[PDB]
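*Asks:* One-letter residues, chain by chain:
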Amino acid sequence: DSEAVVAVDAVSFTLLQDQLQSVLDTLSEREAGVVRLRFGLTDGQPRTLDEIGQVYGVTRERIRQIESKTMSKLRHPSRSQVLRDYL
Amino acid sequence: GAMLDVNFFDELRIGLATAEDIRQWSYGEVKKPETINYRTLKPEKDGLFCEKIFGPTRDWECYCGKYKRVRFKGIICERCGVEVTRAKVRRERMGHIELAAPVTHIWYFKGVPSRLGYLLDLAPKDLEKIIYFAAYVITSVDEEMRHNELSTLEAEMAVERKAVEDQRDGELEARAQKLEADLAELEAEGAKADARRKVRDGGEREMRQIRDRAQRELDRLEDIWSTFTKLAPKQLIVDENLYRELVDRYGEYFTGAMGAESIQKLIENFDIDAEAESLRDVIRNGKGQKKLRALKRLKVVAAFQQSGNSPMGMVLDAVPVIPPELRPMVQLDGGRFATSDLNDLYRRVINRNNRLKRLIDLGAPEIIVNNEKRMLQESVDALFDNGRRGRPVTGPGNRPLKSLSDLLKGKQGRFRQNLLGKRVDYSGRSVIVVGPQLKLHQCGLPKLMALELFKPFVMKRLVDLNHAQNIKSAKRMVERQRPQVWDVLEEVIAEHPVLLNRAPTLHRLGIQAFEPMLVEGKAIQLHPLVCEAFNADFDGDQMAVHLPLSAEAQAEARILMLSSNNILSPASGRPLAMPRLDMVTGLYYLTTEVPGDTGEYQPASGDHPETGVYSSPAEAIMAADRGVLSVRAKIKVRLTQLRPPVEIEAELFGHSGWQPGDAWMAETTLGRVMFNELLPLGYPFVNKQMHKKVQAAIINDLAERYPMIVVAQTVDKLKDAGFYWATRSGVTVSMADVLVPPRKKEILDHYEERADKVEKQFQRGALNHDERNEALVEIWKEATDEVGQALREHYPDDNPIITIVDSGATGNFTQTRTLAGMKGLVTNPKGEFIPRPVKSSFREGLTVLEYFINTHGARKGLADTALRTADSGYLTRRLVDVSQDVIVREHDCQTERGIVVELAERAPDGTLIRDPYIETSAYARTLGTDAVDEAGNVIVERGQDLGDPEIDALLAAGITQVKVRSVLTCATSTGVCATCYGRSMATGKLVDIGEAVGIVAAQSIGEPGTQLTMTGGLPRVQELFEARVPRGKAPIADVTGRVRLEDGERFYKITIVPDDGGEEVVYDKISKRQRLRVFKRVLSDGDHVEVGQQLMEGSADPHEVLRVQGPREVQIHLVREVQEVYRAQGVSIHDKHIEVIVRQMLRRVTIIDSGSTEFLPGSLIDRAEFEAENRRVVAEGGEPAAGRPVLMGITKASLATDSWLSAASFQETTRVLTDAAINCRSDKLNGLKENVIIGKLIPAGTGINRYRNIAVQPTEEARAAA
Amino acid sequence: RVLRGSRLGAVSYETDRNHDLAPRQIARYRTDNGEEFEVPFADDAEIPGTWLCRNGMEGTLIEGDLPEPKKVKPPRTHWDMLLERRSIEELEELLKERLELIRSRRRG
DNA sequence: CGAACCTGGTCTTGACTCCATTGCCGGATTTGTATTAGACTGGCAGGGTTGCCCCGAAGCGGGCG
DNA sequence: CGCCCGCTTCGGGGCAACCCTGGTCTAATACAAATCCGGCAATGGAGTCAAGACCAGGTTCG
Ligand SMILES: [Mg+2]
Ligand SMILES: [Zn+2]
Ligand SMILES: [Zn+2]
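Residue numbers (the deposited numbering), protein chains in the order written: chain F, 441 to 527; chain D, -1 to 1012, 1025 to 1090, 1097 to 1282; chain J, 4 to 111.
Hint data in this document are derived by calculation from the structure and do not stem from the laboratory.
Watch out, some of these pointers could steer you wrong.
As a list, the in silico DSS-like pairs of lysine-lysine whose alpha-carbon atoms are at most 30 Å apart [what the hints assert, rightly or not]:
(1) 355/D x 74/J
(2) 99/J x 355/D
(3) 76/J x 29/D
(4) 30/D x 76/J
Please build the complete structure, drawing on both the sequences and the hints.
*Replies:* In structure tokens, the structure reads:
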């Protein structure tokens, strides 16, 4: 059954979720909220930068600057070797 | 009752499903025979895989793809119509097929008896002519109208019969005028007078044709009129043209249909209670087979009346569809699709229903419509069970389509396969090798395999330690095998037992638990002392390895199934880890004593001293390391750290056998001293020669006296010393070490002279061919025994071939006789004896004809071995399927009813001589009676274990008959109690209160059947449990008195004069192969016989010896006879393993009276339940049922259980189930067989409620410790 | 060596949130034989007044929303198949010839 | 201390652009249906194996004259 | 004393589970609806660029 549960990747996925939650915990509140509402990780709905600025009371260009800041923050291999392992 | 699967039911009520329930379960009428679109490979709309019906194939994905995520959940896409959920509910949701015409279920139609015909009191062939559209049947007639109109209808019938009379009158008058015209035209014209007579004859033929034709018209008129009088429901109307002329002629007064609609109408206008009371009256007052037939109908009538069911569901209005994942259509590499053979049946039913609906809405001739309905009926019938009616529907290769009933019945059915067992994860297998340095609770393991077993544990451990930053790095570390992973493997292996398992598991010791340890290589190193229990030699046999995961499972394997905890038998309590071949030979060489050996103690003290004494065994050890002392030499050491045997100890000091501070001498060997250094300090000295029987007795005494850990360590030390002296024993095999006797040839010469005299005697014709065969057989058997005696006296004991046998390591003497000496007589293929013996040994080398003679017996022995292990598997199957519901449930049933055991009946000279079968019968049982000696001292109280010293005490007291408790008389109902079971053989202590002794007993009976060497043998054992009739049925007496012994013509006619007022009991067919039973002297005429004394010596039937000698003796007859077989093979089976089965057979009595409370003649019901109903019915109508205890056979007593789910795994599963849904028999899941199937915690051992619900919390002192 | 298979469907692995869902309406449907059915549509969803329900038939909406009655046509009749090859006067002459045939049956 | 500077975020506006989003029309292809007038009008996989029970013919002892 | 009658009894037989002594077909055509898909052609919100303006407190200088 090649379309069945491989059952190591599922627990790997759950552990990946928890480690990713820890990594988002290592950053600030606005950053974590922006990434979560951006990729829809907290609900399942990826909102856009205009919605994040709508719920945040700031420009969508500010959301894009926050995005670039967070993606630069994420791309430390010193920070994200534990996530480089997860692929 | 909820189907929400919370893993607690305690109840399971099967039953018939109504059409309302079928349309209630489903999710929309599937209505197209389209499974998967050929191009897009998506399921078709409203077809057999339709996602709107069953569910989505992609996880939380609507079919059109609008909603696609888990936020949209529990809703339905308005476009695509598929409710969004997971994909696994496609395993769950059923669909239904609506039907245009109704349908009868074949499970109530093609049965024996057909329950449809038994509810409506109709023939089977009536049904095959109704719902295959070959006959009509009325369902109602308005007789309230039909009588008051039938007056006028008789008037109109007489009018129309008068009209046919007027027609034949006018027709015969026309023929009379034509005959008159023929006569008037024939008379006046001259011709042949014969031609005129033949013209008159043609006119006469015409008028006789007219008169009998209109006569038969009138007969048909009065016939259809008489049919209208005899117009009633449940009437068959064949040939239907009578029916068609009866429809128009007064069609309003009846309702005649044909088919499943007619059956449904008949069930509709069916007050079942009316025929219920009618059948009550008929079985009350009737006579003969009409009464028993009304009983057989009243069974199912009261069955339908009793539950909340209705016979409306016997017809079918909507057919449910099994959810499509259970009948999947999977494609393969290259897109090779694979159907599931039900889709074709479903497609045929769907197509035929659609076609029938189309023709009904169109309007068609009724031949076409009824033919399509018949095709639909046959399609549904084959869909449920292909091949139940008519020819089986097949497919490509003419292979029959695996229909729905095929998933249940048969060996590939769900019940048998689910009972057969599943493949498991965390498992593995390998070949095995010996582990001669391992400890007993230990097994070797290859690191390449144990790495694969413990992969999740090793991943968790090496991701806890800094070697991986997630489980993926750890997994690739496992696959790429970094060298730290073996250290992590040792960490996770330490104190984690695995399960071992040989191929076929004959008994409970076939699965053991061992602490593993890593071993280089790839073969499971296995401890050598457990191969006896496993029956696993090292010829290439492979053992599987499982693994427990939970804390509960690890505790179960650690305490229960550990190797050191299972040394004694479940069968006879003897130790199975007692050593053998190499260890036994080494210990035999180490403990034998050879006189004249080096360093021998001599008492010679003249000028020189005696020179045979040693202050210390260590001093003796140094004296043996130097080339002075042989270890089998007689010496006199002074032991200080060993208990002297009881005589020297008690005479040396005041009973305080203080072997730490003892200081005493012994004239022994060094070897026996070193051997008794293996044994514990508390054990006395042995000072014997280690035969295998002596070692068995030693380990028996150790197990019944000491804790099992000391037995385990002692057995381990014994193995090591046994191997170390197995090397030094020098037991080799040389061709010079096989000596042939020098007087062999003269023995064969003399017996050849005797054989030649017999051959000359047959050559004279002085005797027949068979008798000279028998003469040669006796001559050569005596010659072979003489050869064996000459070889026995010829060999010395140091000969290693005779040393192996004489130790008791292995082998009989007959193997040595075939090695050197004579082969003997070799059997025929049929089993007869070849008259030419093989007079050459295997050392001398055979000749070609002798080898050709030996091949027959060799081939037959191998075939017998294969058939014997197959039949032993079947016998254990039957025994487990009978005795699986006898577990210990109470501590003491506390009856006084118990059987009496013989226990060493005496000798006439005054000696209480020991009976042989004491250790199989009288051992290990709780005494129900107190043991008293002429009412002197009460020597043994009620409820002792009946072990060794109390048996010796009663032997000294001289009393023999002891009324001991047993499971044949256990007063508990749910299983047996504990004290009636007595001592557990596996422990030596009392049996615990959850041990399933039925399965222990069944395995211990069925296991050694392969060593049973075949009227007598394993089939004789097999029919004995099955309560069959013996083919050599030796007769029994029925009453006391002197016999009228008389021998007739080819068979004897032995009568018996009754000693009482009774008739002279005639015994008729006593064939010449039966012989007079010798007892007490031979049987004689006028010998006074007993009540049930056996007439001839042979096999008595159990059923009549039940009917003569009551139920007590028929247990004692069954037990001792079966045990007599296992005595003959030298197999120790304790009788309480037999006595579990015999108690299971006599669970039910027969019933002939209904009495006062709902019984049937010949009904087999439980004795206690028959007792139970009588106590509630002796008050309020005290008419009990006339009961009689009956013995019923193993395959029959198994099938007559109350748990139908257990009974489903037995036989033709349809007839297990079709009555079960009719009776609505709710199973209670109380047997351990059914809880296996549903995966419930089985109620035997750890699963029972007294042990499973233990609250565990520390002491409050201990909480104050930290 | 080993032949593998795949049932053609997607299998994901997510969290079954019974709390964070898209909210949703419920539309009650009434079939031809008065059967009630409560189809869960989404919130943002046009509700069709007609719906093939679980009953195996068409179930209209429980409200008086007045869906389209027929929007269909009859397939064909045997009379249409007859009219494609014969004349009305041809069939009327056959009607009169069978009227005279039943006249000969009745009173002739 | 007073103050200029330097670079950390922080946010705004304004423009831009860019790629989904329909949307419509044109065509391609695919699927289902209707119609093909000389005559033609009743068969095929099916049997053999094992065993268990249902039922009519027959002994047969009891009822009847 | 013998003649009739249902109870019983056995042979006949009637019938449920298993197996295996055990395939090539006229042939298109007309048409209408459905459906796919392919290419311009409106977007229009959503992402991107960039400039620039808000300062806030280290950095350094007087
Ligand atoms: Mg072997
Ligand atoms: Zn959809
Ligand atoms: Zn008891």
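*Asks:* Each of the hints needs a verdict: does it hold here or not?
*Replies:* Against the structure, the hints come out as follows:
{"no.": "1", "hint": "355/D x 74/J", "in the structure": "holds (23 Å)"}
{"no.": "2", "hint": "99/J x 355/D", "in the structure": "violated (37 Å)"}
{"no.": "3", "hint": "76/J x 29/D", "in the structure": "holds (22 Å)"}
{"no.": "4", "hint": "30/D x 76/J", "in the structure": "holds (23 Å)"}
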